Amino acid sequence: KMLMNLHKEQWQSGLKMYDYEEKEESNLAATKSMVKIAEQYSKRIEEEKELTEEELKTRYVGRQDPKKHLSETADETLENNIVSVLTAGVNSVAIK
Amino acid sequence: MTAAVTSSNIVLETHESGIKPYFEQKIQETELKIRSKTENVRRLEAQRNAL
Amino acid sequence: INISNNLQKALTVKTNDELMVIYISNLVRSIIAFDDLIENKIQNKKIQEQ
Amino acid sequence: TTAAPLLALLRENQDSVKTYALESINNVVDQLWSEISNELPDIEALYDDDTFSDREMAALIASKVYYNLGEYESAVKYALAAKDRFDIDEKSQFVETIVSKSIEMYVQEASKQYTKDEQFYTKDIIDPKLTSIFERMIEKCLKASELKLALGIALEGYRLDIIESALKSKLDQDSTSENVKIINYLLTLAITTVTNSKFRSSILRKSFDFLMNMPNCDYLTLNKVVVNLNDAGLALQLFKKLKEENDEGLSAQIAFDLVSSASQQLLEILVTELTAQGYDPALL
Amino acid sequence: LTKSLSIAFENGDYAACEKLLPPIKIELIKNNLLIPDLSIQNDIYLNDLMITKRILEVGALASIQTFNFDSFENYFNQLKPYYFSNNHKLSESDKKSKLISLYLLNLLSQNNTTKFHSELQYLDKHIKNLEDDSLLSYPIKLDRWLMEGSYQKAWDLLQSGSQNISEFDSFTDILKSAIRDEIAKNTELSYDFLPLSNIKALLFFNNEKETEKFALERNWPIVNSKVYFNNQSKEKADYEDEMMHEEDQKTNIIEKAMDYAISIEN
Amino acid sequence: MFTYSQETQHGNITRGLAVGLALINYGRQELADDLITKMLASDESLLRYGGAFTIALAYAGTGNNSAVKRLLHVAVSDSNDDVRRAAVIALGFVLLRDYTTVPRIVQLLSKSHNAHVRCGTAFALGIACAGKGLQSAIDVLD
Amino acid sequence: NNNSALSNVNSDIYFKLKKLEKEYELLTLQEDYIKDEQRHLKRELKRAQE
Amino acid sequence: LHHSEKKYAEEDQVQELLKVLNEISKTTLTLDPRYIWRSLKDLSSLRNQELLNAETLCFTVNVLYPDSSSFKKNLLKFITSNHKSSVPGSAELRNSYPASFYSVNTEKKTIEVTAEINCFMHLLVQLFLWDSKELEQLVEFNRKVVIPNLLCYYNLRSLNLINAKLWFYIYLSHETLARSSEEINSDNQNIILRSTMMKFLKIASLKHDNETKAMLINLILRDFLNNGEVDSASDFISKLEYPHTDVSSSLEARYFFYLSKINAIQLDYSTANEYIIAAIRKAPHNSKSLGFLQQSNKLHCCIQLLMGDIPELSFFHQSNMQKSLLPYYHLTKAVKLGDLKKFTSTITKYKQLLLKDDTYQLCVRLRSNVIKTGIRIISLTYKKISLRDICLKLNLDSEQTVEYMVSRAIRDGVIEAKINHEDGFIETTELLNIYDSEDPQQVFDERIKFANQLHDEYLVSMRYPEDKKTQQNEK
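Chains as they are written, first to last, in the deposited numbering: chain A, 211 to 306; chain B, 1 to 51; chain C, 255 to 304; chain D, 4 to 287; chain E, 7 to 272; chain F, 501 to 642; chain G, 35 to 84; chain H, 18 to 492.
Isolated chain A, as found in the complex:
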């Protein structure tokens, strides 16, 4: 219990809101990123009608696979913003 616990300033972090310049900035960055590697994704699923799994990964990519990289980033920012609205709506009702 001694190691895991981080005082009464542990719960404190979980009701704090942040500058919205950095939040709006976080959103745009991720958004823009998924346009760019999603042109890579377009190339990939235009083709992929040809046999040999390894050959697909050299030619149209499958090493640092575009579908995979997009999906992780999309999920990450989606989870943040579910939090950002939850933590905000909590404070609005809770404190007032």
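Note that these hints are calculated values from the structure, not bench results. One should not assume that every hint holds.
[Unchecked claim] Keeping only pairs whose Cα atoms sit at most 27 Å apart, straight-line, the calculated BS3-like set for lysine-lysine is:
| # | chain 1 | residue 1 | chain 2 | residue 2 |
| --- | --- | --- | --- | --- |
| 1 | G | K56 | D | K94 |
| 2 | D | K143 | G | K52 |
| 3 | B | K26 | H | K340 |
| 4 | H | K485 | G | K53 |
| 5 | H | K36 | H | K224 |
| 6 | E | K242 | E | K219 |
| 7 | H | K43 | G | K50 |
| 8 | A | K277 | H | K466 |
| 9 | G | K56 | D | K184 |
| 10 | B | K26 | H | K256 |
| 11 | H | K350 | A | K259 |
| 12 | B | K26 | G | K53 |
Given chain A, work out where chains B, C, D, E, F, G and H should sit, using these hints.
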């Protein structure tokens, strides 16, 4: 064996048929439950093995 | 919540790619299965032949 | 074509009119069921009143329409309000719809009450009308001459009494082999299905008694009861039957299965006991 | 006898026919038994069709001409759906034209427009090229005007229907009250305040006593001869907030995010 | 024995009692529920080791859903190697008579990235299909 | 030809198949277990990357 | 002659018979056996017309008939009797079948396979009737035989699947006869037919077969609406018993079309429009779907016009179905331009057209919408406008007239205004500011919820072929 041109066991099967649907009904509910349950069990296992 | 709405839809796209890749996979397993059933005849015939 | 003329009669007052109006609906109650579902509260009111000889009818219309809607739960109350005219359903593949749910309901309800108090068959906790509809399905299974059905349904709903009447009628030694086989099915069944401790116990001790009554039976099947419930008194009892035969080799065979199978602490009791009744030392 | 209801209409006291409706109903059961009630048909039951047809229709019009409430509403409710589907192939009557006319006016008096249009489609089949509109225009025009919002027109139309009076008057009263009520629902959202003089005109009152009473039932105060829609509109608004429906229906914002999270985790 | 397992400071002794307690509750079903609860709830790895086998012998040759779920739940949730291994071994005693379905249930734990868990997979299948055979297990065990 | 045996079915429902309906609840229990296992291995992914 | 065509045709029927036999004897996988049987029917209807028509009697004698040969001969006489090289000993064998076994097993007596021979016999019958276009006696004959037989079985799910497709045809011939000939007999047996369908539908609840339930629902909903009673149909659907397990592209498209037609005429056009959009959507787009699409379009325009919202000109223009949608195009233009007199002319000129298709009743309520649409344009174009100017624009008499019309129209909320008879002008109330309301969170929440619905629908669907496919043999 059995026929309508021989013995049906002298129309026992008619009576039987009348008390058949309660017996069957619960097995048809269970049939539909198996089709779903199965699919979910292997769906999760694919997903489990991949992570 | 507009940014989230779009992000949830952008994952349906990822899923939709998978569905098609599995319905393609299933299609190949079908072809494989037929090819074996033909091939048992050829091996049955080879024993009578020789 | 439309049953709306017949609906019109329901809402109109005069008993002699209503008398006609229920009988009209009842002809086409099985055959029409979405032209008449709007006046179900008028109909329920007639059943609720007891100035009618037509209470039984009124409740029957209500039930037939309600299962078709999906409301098997509502329907069944009205079943046992009608109180007759389910004789047909039984002999009808076509409808046995209102029967299905009554039997189902009985199994859920009665299992709740067995734990509380074993008896509920002659007490008022389960109604006598709920009970009598259950026992009607037992009468149909013995008509159809398949006994594995009636032994199963009774075990579901936690009935000791049905088991006792069902096995008594099979017993007449019409075949020696078939009495026993029937008994072995109940045994396998009870082991697996029944998770209520008391009930599984009751039926297993009961099977030892039934098997033992016959003078020609396997004693290997009698031995299975012994080991499962694990009672020394049962084992004493079995060899006392073969004390009367005076057949040592018989006894020797039974013992070999039993000494292998049975718990050692149980068995230690058993010998001491058989020494006290006096016995031949070879069995011991 | 079964002739005694019929001869009651021809004495011109329809109150007497009404009083003979329970005592003959009991006898009419024997005659309803004769006829299969359009389950089967045969030429046997064509002869019985004439016996049933005449009894039902003379009591149907009778009920109406007796302007007491029970006599109008209940007994006609019974007789009405009966007669047009007792008769062969969905109705061949001599009075068929008049009775469908009454059918539709009665829907309107109960105040369900939903019921009118549902029926209109069922009638439509048996008038398609075979009656169309002859006297059966009257109720379709009344409904059309209330939908179009020509409440001026609807009023004149009910009134000129008593220039060919025979029991049109029993349907005219219910629908005069009805017309006033429909306007009161539209004119909530069309004014914040409007004068006494302007409302009077709208709801077709001839005198002050009629005007002020309808205003009070709707909780609209009259001050210096001005009637205020602000009182009902505010009043209704508070009674909605008082009631519980509105946490989930609106959806609480905190709860929205909880649903977002747990779909991904599932 | 239960108290003495807290008192001891030597883990062999703790293990020996915790196992020794399962053997007393041999076949005792839902009257051994009290012990299981107290035993898995205590913080020692040794108690959890043997309390898995308390489940296994209390509800042997009967497929109870409580017994089965609890053995599975601890195998995933309790990250230590003893506790992980024990609970997989313990399943085939419960489902001794339902030996056919076991290959499917520990199919997922055969494939596991945790070595310990796979060790226990292998014993459970041995015990389960020992006297009444079954092809599926022989294949899993290869 | 004609006819079959209607007692053959009625017998199997109470006997064998009742045991098997119960067996299908034990595979349903498996489903709940691997619902947590599948989430647990998502938590373990986080830890292997860190 | 005789021997030539019938023998040739028979070769295909034997091959067909086994396709049904092999799937059901090994127990169905539900959706997959079903589909095959549909492909099978495309072939059979062609073959029945071709190569005489006694190809079936020739067959009936070949297979074990219990009494099926009697009913066949009667069908045959009507289209000219043939019966040579369809007698025993020149068309009979009881060998070459595993469907009827060998002779020795028939003789000794064995289990029923005569059920599936019968169902399949009844297929050829239902087929025969449609292909020739036989009317009158044959409609009664076929129906009365077939249905008692389907209930002399043990109501098996294997046999329910196959015979469910027989119900469509039973229903087609009844309506055709009723439309051709106006007669008391046809009215009389329609009451028997509703009754029968409900009877089967109960049976198929018990036995839980989803196809038998989907087909029986659609036929009887169609029947109630043809005789025009709304109420029976509405009461039936709100018991919520439609299946979704075994259902098809056509089958679900059909349901929705019934749902449209009921809710529109019940004066709720939002709820009606929800269904019709779904109906076009499920359905394929072919020259064989032409009928279904054609009628869907006709209903769609009017449901939309009733709202007071207008369909676009490109709809009609780029239609290959545009010369039947020509009264409907004029409906669009007439409502929009608000002119009373164009409307009057349109539904009088095109009265036969509108009345044939049954859409004339919804065109009556579109009379109201002429005014309503014209007052709407005026609310958009002018914010403050005198009562007087409005009366000239739509050609109305009094100040009073416009004021009754407008108030009712904003009870519905179509126009979006408020009357000021304190100063004698109408004020438009649409003032937007909807991103400054609290409503937008709520608008996104429904979309998010639809995306979750596809996420579930993807995961559950994907694994369902895959269990079977990993079990399937492979090298």
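Does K184 of chain D lie within 27 Å of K56 of chain G when you go C-alpha to C-alpha? holds, 23 Å
- Below or equal to 27 Å on CA atoms is what counts here, so check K26 of chain B against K340 of chain H. violated, 55 Å
For a C-alpha distance cap of 27 Å, please report whether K242 of chain E and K219 of chain E respect it. holds, 20 Å
Need the status of pair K43 of chain H, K50 of chain G: alpha-carbon distance at most 27 Å? Given pair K43 of chain H, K50 of chain G holds - Cα atoms ~20 Å apart, limit 27 Å.
Do the alpha carbons of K277 of chain A and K466 of chain H lie within 27 Å of each other, as the hint requires? Holds, at about 23 Å.
| query | Can the restraint linking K350 of chain H and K259 of chain A be considered satisfied, given a maximum Cα separation of 27 Å? | reply | violated, 49 Å
Note to self: Just to be careful, I want the Cα atoms of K26 of chain B and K53 of chain G compared with a cutoff of 27 Å; is the pair within it?
What the structure shows: holds, 14 Å
> Does the alpha-carbon distance linking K143 of chain D and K52 of chain G stay inside the 27 Å limit?
Replying inline: With Cα atoms ~20 Å apart, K143 of chain D and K52 of chain G stay inside 27 Å; holds.
Exercise. Between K56 of chain G and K94 of chain D, does the CA-CA distance stay at or below 27 Å?
Worked result: Violated. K56 of chain G to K94 of chain D sits at ~31 Å, over the 27 Å cutoff.
Does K36 of chain H pair with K224 of chain H here, judged by a C-alpha cut-off of 27 Å?
holds, 24 Å
For the pair supplied as a hint, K26 of chain B and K256 of chain H, confirm whether the alpha-carbon distance does not exceed 27 Å.
holds, 21 Å
For a C-alpha distance cap of 27 Å, please report whether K485 of chain H and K53 of chain G respect it. holds, 24 Å
When each numbered hint is compared with the structure, violations occur for hints 1, 3, 11.
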